Structures are given as C-alpha cells and as structure tokens.
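Written below as structure tokens is the structure these notes are about.
A selection of the complex's chains, in situ.
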Amino acid sequence: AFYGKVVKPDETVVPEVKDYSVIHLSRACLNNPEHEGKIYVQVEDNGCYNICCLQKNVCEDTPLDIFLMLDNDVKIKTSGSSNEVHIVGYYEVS
Amino acid sequence: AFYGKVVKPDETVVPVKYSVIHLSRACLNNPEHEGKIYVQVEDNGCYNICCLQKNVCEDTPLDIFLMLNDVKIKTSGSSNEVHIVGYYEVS
Amino acid sequence: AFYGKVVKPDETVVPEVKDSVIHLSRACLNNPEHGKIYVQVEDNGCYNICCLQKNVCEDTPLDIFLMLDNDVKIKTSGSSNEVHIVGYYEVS
C-alpha cells in the first residue's frame, strides 16, 4: 500500500487512514522550489519534533525511517522556507 | 531477482514478473546537461522520490516499495538518463 | 508508538519508559545559532552515535537500538545547540 502526500507550507496534514493502524515514511523531497531557505518537516506529538531538514539546492532530498500511529492523530507540518515537500512511504499494520 | 531499467528523460516506465518491487538506487550516467533532475512515482498523484544534479549529487540510495497498482516511473528536469536499480519481492 | 525528545545542551536524558526497547531514527538540529556537536550514548562506556554542525550537516538518519531497563543515557557534547531525537518504541 503506497503512501504519498505533498505537504504544502501552512497546511498541516493528518494522514488519512486507508484500511492500516500505522504509516511509515521512507522519503522526503522538495519540488523545483523557489524559496532559498531551510525547511523543517515536523510531527506534532505532546510536542512538535523536527524529523528532517531540507535547504533547497544544498540538500533537496533525504531518506526517512519514521513510524507514525494514525489513531494517535499525529500531525505533519513544514516550518522553514515556504516550499512544498513530497512525503512518500507505505502503509503498515501495528 | 534483479531489477534494473535506464529511464531516458522522455520515457515513462511501467515496471510484472513477484508482487512488489523495491527501489535501491537512482544514479546518473556520464550526464551532459547540468540542471537538476527529479525521479518520480505516479500511484493517484505524482511524487518526487529524489533529486539528482550533475556534480552536486549524481546518485542516491533508495528504500521505496511499489506495488506492481500499475505504478509509473518518470524523470523530470535535465535531459539526462537515470539508472533505476533494485529487486523484486513477494508480499 | 512515536518517540521524540529535544536534548538541550548540558541536560542528560534517560529516555521515558512507555509501557521496553527504543529505536533512534533521527537526530536533527533546529535553527541553530552557535561548531560541531556530538550525540552520545553512555551504555560502562560512552560512544558517539552521530555528529552535527550548523552549516555542514543539520540532520542525519539513525538506526540505534537502546534498552530502557539498562538505563542507557543520552547527552550532547560540543557546541551548545539543541538536538531533536525522533524514533519509535518497541517491545522485547
């Protein structure tokens, strides 16, 4: 079960639950970005923690290994430069 | 069961030997054009898996699973070919 | 079961025990202001698990298993910038 969402800045994504109690993040990647600053991908659980940092041309992508419980209503957001981030992974149970 | 295809820029790849396919690397090959190039997956939308650019970053390892969901692979960006490599898998 | 802690410099953290094992998945800086900073675990001996700096490398993935019962310890050493540890919990 493939998972993918494009995380627009100032849009907070709570991942939709197809079927699967958990979600696994495998990749984060920018998309021909315009703003030239760093951007953080964050999960809100509480507390709000940085899972990765992208800064346009220097580092446009990074692998991930993040498990998120969907029943825990985990939240995903960007905070740095105003750029969209492409999340890619797969669904998983418990 | 080894998997490998060279993705020409103006070519969209649909990978079915096994049920799922695991991507292990995308890598350039003596590229000539200098801009960035993205590797993309289409499964209900079109998502970037990685970004490659001559000199800056010519390859990256991958850990992406795709259900053989009639997923599609394409490159976007520089007029450069990209070597996708991985392996097949059941369940 | 998601895990996350912000390890302030000169605060030594023993990870919270959600009802047994913990896997470290990421270490990452956060708009740092101040050189290198190391993330360390003190399992008897004290081992560097990763190295972060302001401009060269602000985050890195991790793949570390830690026993919570073994009272393993986490600390940063070097430049005084906060580090976001992120991972997930696991049993046995």
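A, B and C are the chain letters, set down in written order, and residue numbers restart from 1 in every chain.
Here is the rule we go by: a contact is a pair of C-beta atoms (placed from the backbone, for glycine too) under 8 Å apart; a residue touches a chain by one contact, two chains touch by 3 or more.
A.B. asks: Of the full homomeric complex, 3 copies appear; what's the total?
C.D. replies: Copies present in the complete complex number 5.
Going forward, only the chains that are shown with their structure count from here on.
A.B. asks: Which category does the touching pattern between chains fall into here: line, ring, star, complete, or other?
C.D. replies: If you draw each chain as a dot and join those that touch, you get an open line.
A.B. asks: Please tell me the distance, in whole Å, between the geometric centres of chain B and chain C computed from their C-alpha atoms.
C.D. replies: About 33 Å, centre to centre.
A.B. asks: Which positions in chain C touch two or more other chains at once?
C.D. replies: Not one residue in chain C touches at least two other chains.
A.B. asks: Write out the stretch or stretches of chain A touching chain C in their complex.
C.D. replies: Residue list for chain A touching chain C: 38, 40, 43, 45, 47, 49-53, 55, 62-69, 72, 74.
A.B. asks: Enumerate the contact residues on chain A facing chain B in the complex.
C.D. replies: Touching chain B: residues 1-2, 4, 6, 26-27, 29-32, 57, 60-61, 63, 86-88, 90 of chain A.
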